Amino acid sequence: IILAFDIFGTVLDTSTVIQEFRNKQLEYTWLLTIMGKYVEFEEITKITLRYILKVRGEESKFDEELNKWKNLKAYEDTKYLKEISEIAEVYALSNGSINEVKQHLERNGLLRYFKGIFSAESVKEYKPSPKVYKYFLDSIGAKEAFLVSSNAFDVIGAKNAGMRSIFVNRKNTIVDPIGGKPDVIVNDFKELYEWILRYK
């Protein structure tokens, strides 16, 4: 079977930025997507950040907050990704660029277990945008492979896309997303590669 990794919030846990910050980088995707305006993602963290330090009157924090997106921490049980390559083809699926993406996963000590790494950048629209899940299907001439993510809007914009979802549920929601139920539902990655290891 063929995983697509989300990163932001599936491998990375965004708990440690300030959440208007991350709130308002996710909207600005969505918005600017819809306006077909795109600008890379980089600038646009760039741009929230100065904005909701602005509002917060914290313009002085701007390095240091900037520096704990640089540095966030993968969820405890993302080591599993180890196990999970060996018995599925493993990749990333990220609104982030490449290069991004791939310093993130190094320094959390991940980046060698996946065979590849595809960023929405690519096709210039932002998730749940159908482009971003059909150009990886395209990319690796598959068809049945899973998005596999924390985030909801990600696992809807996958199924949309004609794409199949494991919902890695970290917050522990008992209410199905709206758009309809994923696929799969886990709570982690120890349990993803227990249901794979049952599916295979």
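Positions refer to the first chain, counted from 1. What we label the rigid core is the largest C-alpha set whose atoms superpose within 1.5 Å from one form to the other. What changes on going to the form deposited in another entry:
- Once the rigid core is used as the reference frame, the Cα position of residue 173 differs between these two forms by 2 Å or more.
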Second form
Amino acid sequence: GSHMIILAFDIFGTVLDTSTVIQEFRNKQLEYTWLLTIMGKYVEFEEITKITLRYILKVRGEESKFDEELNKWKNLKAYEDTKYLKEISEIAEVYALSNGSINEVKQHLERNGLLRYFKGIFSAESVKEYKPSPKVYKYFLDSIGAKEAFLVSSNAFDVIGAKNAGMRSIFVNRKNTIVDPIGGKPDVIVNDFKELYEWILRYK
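Now that you have shown the form deposited in one PDB entry, what about the form deposited in another entry?
A lone chain is what you will see next.
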């Protein structure tokens, strides 16, 4: 068919299950990406990850578990339903758009057997500002020469960032959580990647 559907997938918490890492750490990591972005400062995502994890562990008196906890981040598993990226990539243009470096994301996707389904990997690092900076989403659109595209995410902040920057948003609510008001207005809500695929079939 001649109807192009462009999907940009958030990675951490959307494709990859971040439930396995210390939640205070994931929150702190995200906090740092936001604070630095506000200040117009930039630190590579891997370093932000190491710095925030070490600090959180220090506070808990668990610094001896640093490598073990960092290993969990390095070995994140994709949610079971991401297997649907196979069917999805047959009918839609599948990209990654992440706070993570291109290299790190490529590595996570490859290890989970999903990289083959992606036509491109884009990083916030390219614009030295993190989500939800409108610069991140626009770099993606401009780089592929797209006007309309969907950002697929389970993160409320990313949903509203996408909308703010001119992308449509698909919110994947697997936790089935009460709506976080800041991300309360996605264009589409689905519960998982199977429902995502079904929505794409209907849209196509």
